[PDB]
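What follows is a structure written as structure tokens; I'll ask about it next.
Here the complex is missing one protein chain, while the rest keep their positions.
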Amino acid sequence: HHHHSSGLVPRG
Amino acid sequence: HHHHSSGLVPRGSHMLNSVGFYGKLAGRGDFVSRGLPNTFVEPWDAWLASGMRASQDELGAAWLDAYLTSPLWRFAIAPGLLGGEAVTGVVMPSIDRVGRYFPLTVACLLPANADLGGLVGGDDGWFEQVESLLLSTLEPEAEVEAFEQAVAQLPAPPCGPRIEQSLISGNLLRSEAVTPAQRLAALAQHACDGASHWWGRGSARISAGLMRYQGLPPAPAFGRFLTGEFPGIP
Amino acid sequence: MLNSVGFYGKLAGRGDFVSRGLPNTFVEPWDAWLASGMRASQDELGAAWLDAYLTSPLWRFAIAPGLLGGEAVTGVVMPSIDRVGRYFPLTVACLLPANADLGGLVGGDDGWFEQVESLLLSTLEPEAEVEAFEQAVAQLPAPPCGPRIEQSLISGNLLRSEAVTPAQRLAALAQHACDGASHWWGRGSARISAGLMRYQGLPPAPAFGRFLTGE
Amino acid sequence: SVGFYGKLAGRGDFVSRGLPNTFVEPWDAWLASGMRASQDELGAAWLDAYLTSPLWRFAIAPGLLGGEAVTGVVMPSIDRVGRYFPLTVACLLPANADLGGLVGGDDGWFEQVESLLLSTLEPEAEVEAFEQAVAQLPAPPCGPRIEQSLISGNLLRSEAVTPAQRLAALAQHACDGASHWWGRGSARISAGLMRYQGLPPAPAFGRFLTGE
Amino acid sequence: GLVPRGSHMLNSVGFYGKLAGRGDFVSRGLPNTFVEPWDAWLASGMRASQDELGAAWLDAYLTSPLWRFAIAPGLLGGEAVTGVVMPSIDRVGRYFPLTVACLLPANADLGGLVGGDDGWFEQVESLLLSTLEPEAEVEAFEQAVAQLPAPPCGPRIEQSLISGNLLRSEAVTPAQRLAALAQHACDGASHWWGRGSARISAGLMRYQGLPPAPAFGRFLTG
Amino acid sequence: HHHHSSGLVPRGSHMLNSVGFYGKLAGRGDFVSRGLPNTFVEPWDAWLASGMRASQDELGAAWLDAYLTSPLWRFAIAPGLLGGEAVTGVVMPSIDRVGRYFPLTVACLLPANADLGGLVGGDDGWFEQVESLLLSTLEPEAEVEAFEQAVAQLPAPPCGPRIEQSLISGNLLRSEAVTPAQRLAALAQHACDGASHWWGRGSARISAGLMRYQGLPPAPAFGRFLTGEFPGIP
Amino acid sequence: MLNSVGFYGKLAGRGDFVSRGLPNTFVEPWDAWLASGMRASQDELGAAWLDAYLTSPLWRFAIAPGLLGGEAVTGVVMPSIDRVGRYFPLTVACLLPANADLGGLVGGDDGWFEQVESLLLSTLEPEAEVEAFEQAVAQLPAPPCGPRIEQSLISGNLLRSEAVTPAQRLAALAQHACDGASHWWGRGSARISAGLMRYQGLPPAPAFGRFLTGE
Amino acid sequence: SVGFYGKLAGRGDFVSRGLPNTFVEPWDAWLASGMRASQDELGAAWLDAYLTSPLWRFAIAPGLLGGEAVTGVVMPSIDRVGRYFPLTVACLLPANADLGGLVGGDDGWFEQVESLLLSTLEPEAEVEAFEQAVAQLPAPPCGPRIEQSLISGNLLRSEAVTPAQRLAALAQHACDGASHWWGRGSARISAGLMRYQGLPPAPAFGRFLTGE
Amino acid sequence: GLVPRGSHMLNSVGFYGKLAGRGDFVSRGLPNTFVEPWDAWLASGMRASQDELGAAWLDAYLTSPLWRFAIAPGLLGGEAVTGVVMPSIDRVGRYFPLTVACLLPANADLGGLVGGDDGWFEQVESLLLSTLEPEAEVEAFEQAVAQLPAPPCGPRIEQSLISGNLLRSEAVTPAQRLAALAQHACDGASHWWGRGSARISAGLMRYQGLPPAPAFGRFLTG
Partner (left out) sequence: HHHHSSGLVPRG
């Protein structure tokens, strides 16, 4: 379990 | 690939520790659960429930007033008793929005090599912060948004790795302890192996109480968490 | 109520077994365990037994009440010899009252044990005065030692400790790890690494060889 | 968790939260009987004494004000219309707590309760700032007692096996069935400690106000 | 002649009873205002315990533990007393205890003795037991008691009884209040403790005044 | 007759202690003074002023930048040096509403039998509360109402009476000290007799500094309070 | 660098003056001050001098460096006697390095001084072995003692202390009260009350009578 | 009293209060040179390292970043538009302070500065709550050093006359002309302490991010 | 035969030099991997100081203080050393210092020695000075050194040199970091301290490696 928040690669 | 699903997270703490809550919350409609995996939630829920049922059979009609005044309990549970990881946290008797009773717990999941004598035997400060978040949820204008927010910004409790041991030929265990401190630690860690420890202010009055069970406590004993069965004015 | 510290075994400057400051409730079972291990390790090691003995480490120990008579015992043991060249270990031992917390001992300051070590090694010096060793042991203090936190086993599965502080909780744990156990530790030899060993009860005779050789 | 009873500078008559009647009625009785007793004694001297009298920290053994033991602070106080009665912050400690550790431990919890009690006499003192802070008060530090037992009606026996436990056992005994009153005093009374077996008799209440 | 404070009491540590290498009752360093009421009390309890234990008495006696004591003023003279008493013998095999005692000013803080460090009492115990080894030089004992410092012990917190029954102490700190309370438990009392033995467990005992004669057997037995 | 001019005053503290302030306040037009009598204010003002003038003569044109960055000083002044009572408190360089520079001090007046070694040598906590009230007055929106209000609700610092002494035949003084604590106290109290002690964070950097002057410090030394004339990196 | 503690004066079991463990830089000025006071108090008290001496208290003392040679001195003194009945006090003294904080001594634990007291009084017992006293003094530890906080006198009116903590400030004060002084204290006699006495320098000879009698 | 410099999650480019340029310019230079150096070294591995890298407590001897010594905490940070740079809270300690007491004293002041630094990454993080709290920060506890002196170019001599002073003298020396970096580590780097004589060379900056 | 750990070093406390009641160089308990480089160093400094002080040398020598030392591994054999050295003499009046030394594992925490308790070193000083009293039994010295416990000394915090010149320690507490720093000051170094004397003030001295020969006079003089 490594969950957290946000993400940094774009999602076009 | 980390930058695909998160991004700082300074100390990489979401890999080191999963801290979260499970149970009934006064502001919410049933069982809430954020932050914890599922090899913990399943056997934890199963155990809580068996004791709820067992204790109701024992206490009869006193159960409810026992439950409603029962203390909070701080705990430390050796790995493998609730699936893989070591567990520490606090459990509190609780309620949901439709008046159903189930306990609310905040837990920290730690690697199985965690030094658990450190937790039991160390500084209350973290267990005190967790108790204060829990007790505040039962306040009348408690914003459920707040408890969720605080448990997520809640750092794991200080826990270093344990002195490495090894059990030779079934009757001898050897620890790599070569100073008095490492031996004290080695003994404390061994008292925690395969065990669950519970303690706190005992509500009732003067104090709990450190309690140790081998493995999880049996169902007909869950009633001891709810009321009483110290010296001693002559 | 004799002397705080005593000794049993063989000194290089005496003929047979020697014994001061220790009741019989300790010496007899202690000598029994020692002779059982001596003989058992000689079987398991054969020709290699003598050379491992002449070089085995000094072992500091802490033994729960009941394993050798009623009182808890702490001390050091070292491979020793007598005047006519017969081999048997030399033990300095301090009896403690059964209420004693061995956890603070196993986990406490080395100072007392390190004196006891230096005193045992001195009996193997060219012409060490037997009486200088006896006198130094008879003036030794009992090592630092407090009472155990109170405990009770309940219903067969619950152990309750009257600990209420973090410090008391830590103490309660280590304490629990020592009950019914014997702990052994020291600087090791050139073949045994320094470390801490726990046995439930006294070690069985087959294990004694481990006190002499790693493998 | 921790309550109060008495008269508050910004409220009408009496005030009372967090404390059961098992405590309040005998506490009140003892305070009032002392008020009259001291008025009888000091005569014209009373008002100047009462008005500048000390704050008293107290520990009180089980049995004297209901079954629980109690600790707290009492201060000369006043209600909205200028009628006089003391204000008390108290904490119920049931039974097997060690009062020796309290009387002889840290001043901290008491020093807080003093601070709250005098802040009720400030000009802009908001009356809810008091109840609010007294309800966010923790109980004071009490430990378990040392096991003791009367034997044969002449022997008291304690399970103390060290200096520390023997020192505690003695203080414990000194608090048993008694009441302790200490603090910083006033301009009339020097700081100090007072003891009585049971609650002080009403003709003694004068010493809580003036010294000699 | 030379009496370096105008008094031989408090100068300081003495002893009374029987000593293995001497013939009758040895005694140094102690006034009669103590030695007489102490001997009376000891003897009275010797006789009570023989009445109560019959044939068990001798074997209870030869194995009974060393008892540390602190005794309030007015029970054995005006001075307070502290020390250690041990079952003893003389050269002709008669039995009587050996006491190493030290008189204290009436305002001694006995709560500090009872509740304080052990080193003084463990040092007295080491001297008393030495008199029973076979090679025991009688003069080595007298010499050691002569060089024994007095036991760590300063003054009690000044206290006074105001309104008939309200007791007031001059304690203004937590440490002082703890002291005041502990001294209050010792007034009019004698306290007894030690390592105990094989049959008599460790613990602290408080009697009002000297212990009664029928209680004396409790020191020998469990 | 007390109920004619006041009325509780719980611990009777206005008889035990007079705590107050004197000097220039940023919110007020000139010299303010509440709570202190006048046998203190006169010689205190005289001394401050002589040193102000003396230090200006010494420092030349550096005075102002020295004064404007000078530290705060905690003090303890034996009785009789400023009239009767013992004095303790804090002094801070300050300003008034029209830009004139004079120091602001909060002082506590104590009986001449006060134990002053206790103050110098005791807990900073009170001197820290007084420093914080003073520094806050120089804030831009500092309500002058607040400083007045806090200094009035400000309790006197803990100060017990001193070990009683007596000077026999001019070369011998005897104190009624009979325990180690009373002798330590007796010596500390004697170092304070007829003396003024000053200390604090030293602004400048690492620390002051305990300074002792016999009597009040002389005028040409007041400059030492404003700037510098500790080891010692090799 | 001899023995931590020494002694000077008259023992009941010796003929003349006796002296072990102390350099001459102390003994000579100490004996000088003592003889001056002895003679001076005999003038001031006449017939009453002898009976006051035979009963005067034990005085614990702490003497600033420079008053008796270069080192600070602490000790106890008691009225004593020799084998032929001549009267002169007996002193146990420990030299301390000049950096020593006498304030911690004057204000510290009684334990060392109370041993020294018991050892001096033992020399007046029926047949006390001279050698038992010498040996007990030669095995005595220097009493607990730390360095002074650093100080400097500045311009003639300012004393600066490098104290930065409350604890250091307290220590700086007491320390300052001891410099250039001698302090005297003890349990007193039946005519002198227990108390603490400060003199600047060594006490003058007229004052010595105060060590024997209140008034 | 205590300042900060770097990039704040809720501000545009760079931020800098309370710290002179005598410090900021060489601190910045050293951080940037390390950023590039580590990117060069770790390649594709860099971003995942930087993003989960530890907070580092540091003490830095006089001479290496201007004349004053400095202590503080540095954390991987980010600005409003997602550009990467570390955030630093720092406290200027000029000259004769004992860094041994700091590196080897209580974690408290550092533990606060960690707490403030991570609270800038919370969702609702108000940017003024940070400056406000960093300016109400006390300087950390530093004591005076033990007097020392190099003699004859081979001998170092300290005025230590006790165990305590000798222990302090040794630690003091160990900090002289050096920089210390410790903390709780990350998932990659175990807690520990790192030392360098002067500031770490840029090819070392990679170890501040990943371990082996 | 009986070697209770497979090594006579660390078993534990020995001595070298001249002893008043013996004839040439006494020596027990110490390997040659120490005694030889120690004697070489001592002798070389004896000769340097005579060259540099001329006629003052003898009187400087007979009055110089006892020096406590802790010496890093690799300067006198692979083991670390700690002990005390004293100006000494033999039965025939030749002059050479007497050292009581104890070898330590290469990972000994020397910062704990130098910065730790004094009791061990004060106990060694009391033995060394005893050999110079007139009634000095030579065997009472050997017996005491034989019963001397090793000096309180556990292991240094594990440390490693990563990126070429970045030193990393396993210190996770304030106490451990203090230890790590203090051990870092002792590596490759010898430390010297003591009560000093009348001409040589107290203080702590650190040389890189063994002190050079021309410095040896600093131990004798101020």
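By written order: A, B, C, D, E, F, G, H and I. Residues from 1 in each chain.
Assume a contact is a pair of C-beta atoms (placed from the backbone, for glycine too) under 8 Å apart; a residue touches a chain by one contact, two chains touch by 3 or more.
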Which one touches the absent chain: F:6, F:33 or F:132?
F:6
Given the full complex, what residues of chain F touch the hidden partner chain?
3-7, 9, 14-15, 18, 35-37, 109
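Note that only the chains that are shown with their structure count from here on.
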Would you pick out the residues of chain G that each touch at least 2 other chains?
99, 110, 162, 164
